[PDB]
Amino acid sequence: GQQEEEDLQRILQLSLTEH
Amino acid sequence: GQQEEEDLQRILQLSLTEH
Amino acid sequence: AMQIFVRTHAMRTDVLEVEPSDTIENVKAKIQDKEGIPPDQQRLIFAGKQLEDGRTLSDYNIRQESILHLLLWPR
Amino acid sequence: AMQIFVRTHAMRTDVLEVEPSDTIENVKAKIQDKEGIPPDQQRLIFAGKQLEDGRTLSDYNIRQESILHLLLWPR
Ligand code: NA
Ligand code: NA
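Protein chains in written order, with our numbering: chain A, 1 to 19; chain B, 20 to 38; chain C, 39 to 113; chain D, 114 to 188.
For reference, chain A alone in the conformation it holds in the complex:
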């Protein structure tokens, strides 16, 4: 679904600097 993919993108983005 669209919400889940947009959230996935947001969290992948976040993990780039929060690891």
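Since the hints were derived computationally from the structure, they do not count as laboratory data.
Please note: incorrect hints may appear among the correct ones.
A few chain D residues facing chain A, derived, Cβ under 10 Å [stated by the list, open to error]:
(1) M115
(2) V128
(3) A142
(4) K143
(5) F159
(6) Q163
(7) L183
(8) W186
All residues carry an ideal CB built from backbone N, CA and C; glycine is no exception.
Starting from the structure of chain A, add chains B, C and D with the ligands where the hints point.
Chains B, C and D with the ligands only, in chain A's frame:
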């Protein structure tokens, strides 16, 4: 725990205007 | 023994078709079908109130297009 | 039939004691103990990568005090 109570407070706060 | 951190995220909206006569548990059961969270690990909130499992949506004036909030509750 | 919205929220940090030899599933199983989310409904992320259940933390360079992200994945 402290995190759960602070999150609970945040969400109760939010629901006051998002209902 | 290794120590790591897990940051949990959920920020999504779900639509439920329910009945006013349904209990908060029956709502929690519909939710569990979607998101897999056990009902005893869901804290449902509406308009500043925490909702009680044995009481009905009608008891809280939950009506068509009401926005409930679900907080994940650890164990 | 009544229509309502449920907005789901989770924004918390959890600490796990794990082993580098542990699979992402064994991590997902420790997580499930805390938060009750079935492992097949957890999407674990680290440093821009989605983590695979059969592979180990050592395969992703997950080390002491690494921050993993958990996304709730509906069903
Ligand atoms: Na971001
Ligand atoms: Na708020």
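Here's how the hints hold up against the structure:
Hint on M115(D) is violated. Least Cβ distance to chain A is approximately 22 Å, over the 10 Å limit. At a threshold of 10 Å, the smallest CB-CB gap from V128(D) to chain A is about 15 Å, leaving the interface hint violated. With a cut of 10 Å, the hint placing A142(D) at the interface with chain A is violated, because the nearest CB-to-CB distance is about 21 Å. With a cut of 10 Å, the hint placing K143(D) at the interface with chain A is violated, because the nearest CB-to-CB distance is about 19 Å.
The interface hint given for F159(D) holds, since its Cβ lies 6 Å from the closest Cβ of chain A, which is under the 10 Å cut-off. With its C-beta approaching chain A no nearer than about 7 Å, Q163(D) sits inside the 10 Å limit, and its interface hint holds. For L183(D), the interface hint holds, the least distance from its beta-carbon to any beta-carbon of chain A being 9 Å, beneath 10 Å. With a least beta-carbon distance of about 7 Å to chain A, the hint placing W186(D) at the interface is held under the 10 Å criterion.
In summary, the numbered hints that this structure violates are 1, 2, 3, 4.
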